[PDB]
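Here is how the chains run, residue by residue.
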Amino acid sequence: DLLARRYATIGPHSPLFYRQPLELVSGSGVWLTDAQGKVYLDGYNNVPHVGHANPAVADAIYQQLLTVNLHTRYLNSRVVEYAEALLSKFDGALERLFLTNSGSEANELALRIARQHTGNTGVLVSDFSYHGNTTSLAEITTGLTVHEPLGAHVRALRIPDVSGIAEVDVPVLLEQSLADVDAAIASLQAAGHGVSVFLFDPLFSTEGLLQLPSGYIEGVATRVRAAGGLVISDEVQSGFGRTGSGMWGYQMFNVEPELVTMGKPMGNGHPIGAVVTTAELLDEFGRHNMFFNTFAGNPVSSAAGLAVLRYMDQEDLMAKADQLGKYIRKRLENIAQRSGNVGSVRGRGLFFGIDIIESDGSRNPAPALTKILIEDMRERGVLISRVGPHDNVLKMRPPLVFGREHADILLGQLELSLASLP
Amino acid sequence: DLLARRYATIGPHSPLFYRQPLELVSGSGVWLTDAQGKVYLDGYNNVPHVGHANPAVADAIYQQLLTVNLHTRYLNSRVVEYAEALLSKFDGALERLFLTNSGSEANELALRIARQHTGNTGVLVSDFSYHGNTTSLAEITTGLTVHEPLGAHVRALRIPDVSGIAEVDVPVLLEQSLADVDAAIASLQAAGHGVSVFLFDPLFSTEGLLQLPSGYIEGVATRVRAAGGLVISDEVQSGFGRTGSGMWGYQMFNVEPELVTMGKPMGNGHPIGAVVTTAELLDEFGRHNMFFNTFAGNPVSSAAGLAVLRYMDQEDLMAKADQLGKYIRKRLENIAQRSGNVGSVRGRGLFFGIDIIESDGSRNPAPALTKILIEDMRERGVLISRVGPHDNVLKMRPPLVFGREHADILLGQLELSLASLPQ
Ligand SMILES: *Cc1c(COP(=O)(O)O)cnc(C)c1O
Ligand SMILES: *Cc1c(COP(=O)(O)O)cnc(C)c1O
Numbered sequence: 018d019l020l021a022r023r024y025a026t027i028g029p030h031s032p033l034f035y036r037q038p039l040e041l042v043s044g045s046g047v048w049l050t051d052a053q054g055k056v057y058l059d060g061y062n063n064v065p066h067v068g069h070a071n072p073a074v075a076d077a078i079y080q081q082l083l084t085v086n087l088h089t090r091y092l093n094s095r096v097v098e099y100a101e102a103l104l105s106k107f108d109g110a111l112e113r114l115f116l117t118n119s120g121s122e123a124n125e126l127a128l129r130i131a132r133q134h135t136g137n138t139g140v141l142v143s144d145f146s147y148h149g150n151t152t153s154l155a156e157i158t159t160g161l162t163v164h165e166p167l168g169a170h171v172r173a174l175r176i177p178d179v180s181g182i183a184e185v186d187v188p189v190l191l192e193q194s195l196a197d198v199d200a201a202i203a204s205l206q207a208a209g210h211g212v213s214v215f216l217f218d219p220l221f222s223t224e225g226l227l228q229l230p231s232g233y234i235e236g237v238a239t240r241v242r243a244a245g246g247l248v249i250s251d252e253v254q255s256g257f258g259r260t261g262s263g264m265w266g267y268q269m270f271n272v273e274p275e276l277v278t279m280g281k282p283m284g285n286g287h288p289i290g291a292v293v294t295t296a297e298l299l300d301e302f303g304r305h306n307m308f309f310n311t312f313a314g315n316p317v318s319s320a321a322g323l324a325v326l327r328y329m330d331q332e333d334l335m336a337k338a339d340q341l342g343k344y345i346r347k348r349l350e351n352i353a354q355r356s357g358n359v360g361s362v363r364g365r366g367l368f369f370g371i372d373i374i375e376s377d378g379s380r381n382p383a384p385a386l387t388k389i390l391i392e393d394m395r396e397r398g399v400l401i402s403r404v405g406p407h408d409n410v411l412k413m414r415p416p417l418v419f420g421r422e423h424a425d426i427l428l429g430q431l432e433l434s435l436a437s438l439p
Numbered sequence: 018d019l020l021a022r023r024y025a026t027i028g029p030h031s032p033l034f035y036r037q038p039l040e041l042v043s044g045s046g047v048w049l050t051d052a053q054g055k056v057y058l059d060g061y062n063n064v065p066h067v068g069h070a071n072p073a074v075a076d077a078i079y080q081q082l083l084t085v086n087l088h089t090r091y092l093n094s095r096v097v098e099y100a101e102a103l104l105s106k107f108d109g110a111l112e113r114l115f116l117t118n119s120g121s122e123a124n125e126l127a128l129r130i131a132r133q134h135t136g137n138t139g140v141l142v143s144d145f146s147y148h149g150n151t152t153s154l155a156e157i158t159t160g161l162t163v164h165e166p167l168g169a170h171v172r173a174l175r176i177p178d179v180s181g182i183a184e185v186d187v188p189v190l191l192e193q194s195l196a197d198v199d200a201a202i203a204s205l206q207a208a209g210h211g212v213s214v215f216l217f218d219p220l221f222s223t224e225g226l227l228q229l230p231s232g233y234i235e236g237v238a239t240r241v242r243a244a245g246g247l248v249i250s251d252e253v254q255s256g257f258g259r260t261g262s263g264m265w266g267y268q269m270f271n272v273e274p275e276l277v278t279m280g281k282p283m284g285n286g287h288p289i290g291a292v293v294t295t296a297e298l299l300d301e302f303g304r305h306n307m308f309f310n311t312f313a314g315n316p317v318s319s320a321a322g323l324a325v326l327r328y329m330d331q332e333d334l335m336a337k338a339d340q341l342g343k344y345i346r347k348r349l350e351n352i353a354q355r356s357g358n359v360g361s362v363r364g365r366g367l368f369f370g371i372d373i374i375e376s377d378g379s380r381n382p383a384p385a386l387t388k389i390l391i392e393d394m395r396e397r398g399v400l401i402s403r404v405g406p407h408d409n410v411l412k413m414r415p416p417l418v419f420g421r422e423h424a425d426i427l428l429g430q431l432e433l434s435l436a437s438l439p440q
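So the sequence lines, in the order shown, correspond to chains B and A.
All residue numbers for the first sequence refer to PDB author numbering, where the first residue is 18 and numbers rise by one.
All residue numbers for the second sequence refer to PDB author numbering, where the first residue is 18 and numbers rise by one.
If we strip away everything but chain B, and leave its shape as in the complex, we get:
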């Protein structure tokens, strides 16, 4: 029995989705098949950015595996080709790269570059976030359970959300949120840490897909820079065109970060991450450290990353996601008008969510109804999930090859699922 064999090797704690674990044995594009032969529409996975079993990615890997696959202490063209392609997707002073093998490795390295450059240790993060699984990341984690107490060098911020707030009240929410930033900064200075970084997910997805007031990110950047710190945009959830309106999530705001980190989608499932930064910051850190990552930038990893960028450009996926997101938003707003169990509609491009609420007039978060909806949608052949501190934001985030025919399948089942609640 597979579950028992898993528990005897990797253990019973490593997480599994659903009340009954699901065994997935094959996939193609947006479609997955279980060990019983049931077929599902993927409304969840972002690692297969260009679709399950994409054959252009598979072929690029295979052909390089039959050539050579050594570390970067020997010259080889593939890593340079990939670095050129990836950096062509950045403007401004973001013109150099460190490659890694995961998003956690990228965020660990970005915090290390910042601590050395600033001479400060303080970290500003959201109060319900997750950026990876190393010791330095565990000490700043607020959105998942870790044994490490929150570090004395960390201040957690309540990131503002305008969802459901009267427009007249927005400027005061912005003002109070920026005063909380000044107070965090002043506390870190008084206690001798100073300010090293502000680190954020531009979609604020773990937090419940927040809609920020205009001027908050710009305001935080100005205050952090007056204090001698840097801004890191973690693009693991929001990058590679997921938002539709730009390649990188930070482009939704009036900010150009000094450091950008990435992972998940980048190699369609191959282990790849990166830190994109300025010439000054890369040169300084290399003068000061004999830094080397053995697997980073090998020719096969580089072939995989090049095939992902080439495929997304040839198939126009970012522009498609921008157009389709406009359609999905209209459909979800109609659904919210018709269901007493739906609150705000959140997100853009191919990252959407809806708040699930009691229909008794309270508008209280309904996490038990949300779990019903996730399990019912699985029975109906659709894989979705949830996010947020009240466990009630129903999330829709498929591979970036998801089209209008797929949107109509997902949205039709979701309507039937909502209609079946009490």
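Hints should not be assumed to be uniformly reliable.
What the hints assert, rightly or not - Restraint-style ranges between C-beta atoms, simulated for each label pair:
id: 1; chain 1: B; residue 1: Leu-104; chain 2: A; residue 2: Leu-83; range: 45 to 51 Å
id: 2; chain 1: A; residue 1: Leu-83; chain 2: B; residue 2: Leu-433; range: 54 to 60 Å
id: 3; chain 1: A; residue 1: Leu-167; chain 2: B; residue 2: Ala-73; range: 44 to 50 Å
id: 4; chain 1: B; residue 1: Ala-102; chain 2: A; residue 2: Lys-347; range: 47 to 53 Å
id: 5; chain 1: B; residue 1: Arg-242; chain 2: A; residue 2: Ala-21; range: 53 to 59 Å
id: 6; chain 1: A; residue 1: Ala-21; chain 2: B; residue 2: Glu-297; range: 18 to 24 Å
id: 7; chain 1: B; residue 1: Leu-104; chain 2: A; residue 2: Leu-161; range: 26 to 32 Å
id: 8; chain 1: B; residue 1: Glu-112; chain 2: A; residue 2: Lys-343; range: 50 to 56 Å
id: 9; chain 1: A; residue 1: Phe-107; chain 2: B; residue 2: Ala-21; range: 55 to 61 Å
id: 10; chain 1: B; residue 1: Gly-429; chain 2: A; residue 2: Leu-83; range: 39 to 45 Å
Quick caveat, the hints were computed from the structure, so don't treat them as lab data.
All C-beta atoms, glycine included, are put in the ideal place defined by N, C-alpha and C.
Starting from the known structure of chain B, arrange chain A with the ligands on it as the hints suggest.
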């Protein structure tokens, strides 16, 4: 244009070998070809454990890539099959696994498990070691340049080496080295760190390929456990049958570590690492943390690691490395007797080295002569490197598919190169 295009993107500090960097465009087995068409014998690379362009590994990866490639929050058989195969290579209480994507990820996680389990933060490492590139690892690094000052929670040990010492002086060396361990432990305790771990490469390769007196590792383990700490064997250099005499380098000592880390060879070049541990340790850490690594244990990484183990088993590579290492050692002992520029013969299996020295009677380390030999061997069609705090231990560590014919090519060029040094 390639070198300049590199420096404009990933920068001019990321390291390159040789005075003139080499552009390697293809390989097969132990052989590599440069952009000018020159062919070289690989006496250096351990990442392509089963040889360059190995087709069984390539086929296994590609077939899984046509099937599915999702994280471990859905059940899938390939990760379980690989975990069973890897854990069958271990004995005793080493019966659970955390997968990762790199050796640094593995050693970061092992230090984290240990700090939470012990309630202590103190680290014992050698005084010329390297275990990876995270913040927590930089703070303990002694064998490579980093900006971080050595952490106050760290004590660096001078690991004893019997190479070239009279047998009658070995017991005093062991007694004095264990007293240094007693002192380091007491110092950690007085400062309020306590002892969390002793972390070591069993080959002590970065340190210059040391030959330890019997009882040193075992003595360190007893003292660390009495202090409430754990032992971590870093198998990135010594694992997967590199030493010939066992699957894991720790087996050269009479010790069973609580935690074993690995990387480099394990996927032939695919990004894979692991921490192997006990049931008690894995269960404790998962009860206390919602631990998850998104790429770890995906089906394609699992296919790669299963193909490496299957190939090394089918081709009998560990046993072949044990027999071939015995033959290389005899040849290198003959070379050392005859050359006034060679000191001791070091290593075993397919990880060997020799110490390059002046022939003026001083026996002083000769780093500049070592560099001459490395460049000369390149010109002769052989890739080798060096290690150690004096930059004078010539290092040879080929793919594990390297055989007797290849050994004779390498060793014959090495003798001719040695003979060309000034008198
Ligand atoms: C998944 C994730 C990470 C960690 O990536 P890993 O590859 O599991 O190390 C970091 N940041 C964000 C926002 C993530 O979603
Ligand atoms: C290379 C190496 C590491 C780090 O491995 P990466 O895969 O580069 O993180 C750790 N320990 C030892 C002994 C190594 O040789």
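Outcome of the hint check:
1. A hinted range of 45 to 51 Å is violated for the C-beta pair B:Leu-104 and A:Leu-83, which are about 31 Å apart.
2. Look at A:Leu-83 against B:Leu-433: about 34 Å separates their beta carbons, and that is not inside 54 to 60 Å.
3. For A:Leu-167 paired with B:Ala-73, a C-beta distance near 48 Å keeps the hint of 44 to 50 Å intact.
4. B:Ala-102 and A:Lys-347 have their C-beta atoms about 51 Å apart, which keeps the hinted 47 to 53 Å range intact.
5. Between B:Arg-242 and A:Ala-21, the C-beta spacing of about 33 Å breaks the proposed range 53 to 59 Å.
6. Range check, A:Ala-21 to B:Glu-297: Cβ separation about 19 Å, and the 18 to 24 Å hint holds.
7. Between B:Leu-104 and A:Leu-161 the CB atoms are about 28 Å apart, so this pair conforms to the stated range of 26 to 32 Å.
8. At about 53 Å, the beta-carbon gap between B:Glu-112 and A:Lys-343 stays in the expected band of 50 to 56 Å.
9. Distance hint check for A:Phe-107 and B:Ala-21: the Cβ-Cβ separation is about 20 Å, which falls outside the suggested range of 55 to 61 Å.
10. The supplied range of 39 to 45 Å is broken by B:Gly-429 and A:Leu-83, whose beta-carbon atoms lie about 31 Å from each other.
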